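Student: The primary structure of each chain is shown beneath.
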Amino acid sequence: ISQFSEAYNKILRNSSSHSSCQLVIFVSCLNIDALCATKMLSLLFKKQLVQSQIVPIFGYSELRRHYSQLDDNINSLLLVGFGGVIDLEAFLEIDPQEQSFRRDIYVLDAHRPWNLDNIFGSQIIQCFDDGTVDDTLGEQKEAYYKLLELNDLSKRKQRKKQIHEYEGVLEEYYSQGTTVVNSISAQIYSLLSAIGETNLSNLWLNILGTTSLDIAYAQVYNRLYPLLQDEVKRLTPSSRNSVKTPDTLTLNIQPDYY
Amino acid sequence: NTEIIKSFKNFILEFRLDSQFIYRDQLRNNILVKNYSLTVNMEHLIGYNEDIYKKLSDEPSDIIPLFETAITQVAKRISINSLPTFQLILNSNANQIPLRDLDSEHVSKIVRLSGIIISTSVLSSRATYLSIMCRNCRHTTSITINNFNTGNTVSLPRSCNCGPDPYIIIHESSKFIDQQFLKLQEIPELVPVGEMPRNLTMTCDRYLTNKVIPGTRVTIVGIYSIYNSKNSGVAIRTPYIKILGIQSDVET
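For the protein sequence lines, the chains are c and 5, in the order given. Taken in order, the first sequence gives residues 5 to 102, 114 to 165, 218 to 325; the numbers are from PDB author numbering. Taken in order, the second sequence gives residues 24 to 103, 130 to 198, 201 to 211, 235 to 305, 319 to 339; the numbers are from PDB author numbering.
FYI, nobody ran anything at the bench for these hints, they're computed from the structure. Errors might be hidden in some of the hints.
List time: in silico DSS-like cross-link candidates among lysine-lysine, alpha-carbon distance up to 25 Å [as the list claims (entries may be wrong)]:
id	chain 1	residue 1	chain 2	residue 2
1	c	311	5	77
2	5	99	5	32
3	5	78	c	311
4	5	77	5	32
5	c	156	c	224
6	c	50	c	14
7	c	311	5	32
8	5	158	5	32
9	c	311	5	29
Okay, chain 5 solo, but in the shape it has when bound:
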């Protein structure tokens, strides 16, 4: 929350291999083309410091939206008006977890896996920064959501008494992003001799949409998270993988 930005803000400025340093040359060449992202190799985090990756491996849902605001304070040291929140795309290679053995222990942990993509969906809209006004008080405000944990985790407040939820979203001043909703099937060479091949459903953020055609072999690095819609049991949730960084092969 505090000062973990500065422990990451020094990582982008000062990481350096033998002669030419990478994350101030990958951040500059992705602004002139107007690409607005960054690609962190995850082996270079733990070579520079181990205490940073200790926080990121334990509780990733609350720290990656802190690194996204640690980039957009550095891109104002290079460009000098509209610079949005940057997106963090990461990739690594530790050990593949097969799709069959995903226990109840891997809830909110960085997990990579593999498989074949069955289907896609149509794009959508999620809100990032919206503007609210009350109906009676007409007291304007601005809620900026940046975290992503699909239904509702951050909603409207109840007072600025007035009525039950007096708040209106104003559609004339906001910003929006995209979502994609894939599906992923395990590779048939890890044969289910008495089973059918299972599947999972992922989500994708603004810069990974429309990247992969149905029918390919991918490797996917994401957060194994959970959501509780009723769209069949008591206190039952459902699993899904929030993708942050799809490392496909050569498409061939």
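Isolated chain c, as found in the complex:
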């Protein structure tokens, strides 16, 4: 539903100013996939001159102390790795604060249950609702819409049976295992392809992004491999090389062992 370039300009209209703490990002300290995804999210905010924070978060209780204490210049927020599974309006206790809300949250996740009260009901929590993880499933959608509406015994029991069957569908979702669909550090590169900054170093933070989940994780690495074997061929200096000059970093595919 929300793509990237319309949401990228939504972060530059409210952050390019004189004060420093205009946006704040939060990083989980464990996912290596969440480490490369912020290392190339500083380079994107260094060439456009926006001032920021980079705060690491370990626990789940440490997110509550850091968030519920320091709220003066939140003209934006950002959150990488966390926020996929647990309902944020019900956990941070956020209420309506004035369309044209004072605070945006842009979660980035790599997990299975979408947690429908974050994606839908997006008053302030901007989703990540392109069909990558979403896959455009409709049975989740209408059951969420045919619930929030609150001879009369005949239809209301039929409504109660409709209450009874629809939560059965909501127990087919929200009853599932948490694994990884896409890596995070391939998703931000799809944002860097549209804006127009893809160096050679901003490619080296995806090969470290989507090799962390090859060895010890599920392998979607077999489906993310033909997309990175072409972005290496595209940015290549020449066919035949000079004989090993002390400059010229050259990354190139090679038969490598396990």
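Chain 5: place on chain c using the hints.
Tutor: The following block gives chain 5 in isolation, referenced to the frame of chain c:
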């Protein structure tokens, strides 16, 4: 012999890490202090080229005296009269060979090891460049020896007929160097439960003399070579390590 100088002469001039290049700044600061040596880290050879280290690892006795004349053609591109032959000191860290297992396979191969030094000796003199005249012909010449393989590998010729070995060394025009003759004992934590601790004897060149006191823990990078003096068997040689580069610890 030919053109392997130029494959090394480009290595000193053109080796360069990120911003400041080392072997034209280590060769210049060791002439102003009058130090006359150089220290090659051996990992930087094989990163620059593998064909050079392939020759050096196979037959080291004939190529290191070719690199010593490849330095003294570069120090005349910096100073511009007496510049002697430079000395090559190298160090690395691959894998220690323990002192007990030195087979007959490691003859003339770069070998590093470790141990405790027992004793030293008094200094001596070896000749590098000497001047010869014949007794009857009085035909002068000059033999310049630079290779080191202890007794005799290069000697006087037999004719410039004249008699058996008509040659005299003249002591008024020559150059000389030093030798040191250490001894080295293995570390007692590789315990010989039914054996005594063995030992070897090394040699040292002109710029490693008087560097180490008896009783330290050293690591020594050298050429495991052989010599055949009779100072007990038939066709028996004796082993010794020609040191080129002693990497001691902090002396403490």
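Student: Next, verify each hint and record whether it holds.
Tutor: Each hint tested on the structure:
{"no.": "1", "hint": "311 (chain c) with 77 (chain 5)", "verdict": "holds (18 Å)"}
{"no.": "2", "hint": "99 (chain 5) with 32 (chain 5)", "verdict": "holds (12 Å)"}
{"no.": "3", "hint": "78 (chain 5) with 311 (chain c)", "verdict": "holds (20 Å)"}
{"no.": "4", "hint": "77 (chain 5) with 32 (chain 5)", "verdict": "holds (17 Å)"}
{"no.": "5", "hint": "156 (chain c) with 224 (chain c)", "verdict": "holds (23 Å)"}
{"no.": "6", "hint": "50 (chain c) with 14 (chain c)", "verdict": "holds (17 Å)"}
{"no.": "7", "hint": "311 (chain c) with 32 (chain 5)", "verdict": "holds (17 Å)"}
{"no.": "8", "hint": "158 (chain 5) with 32 (chain 5)", "verdict": "holds (24 Å)"}
{"no.": "9", "hint": "311 (chain c) with 29 (chain 5)", "verdict": "holds (17 Å)"}
Consistency with the previously given hints is maintained throughout, with no hint failing.
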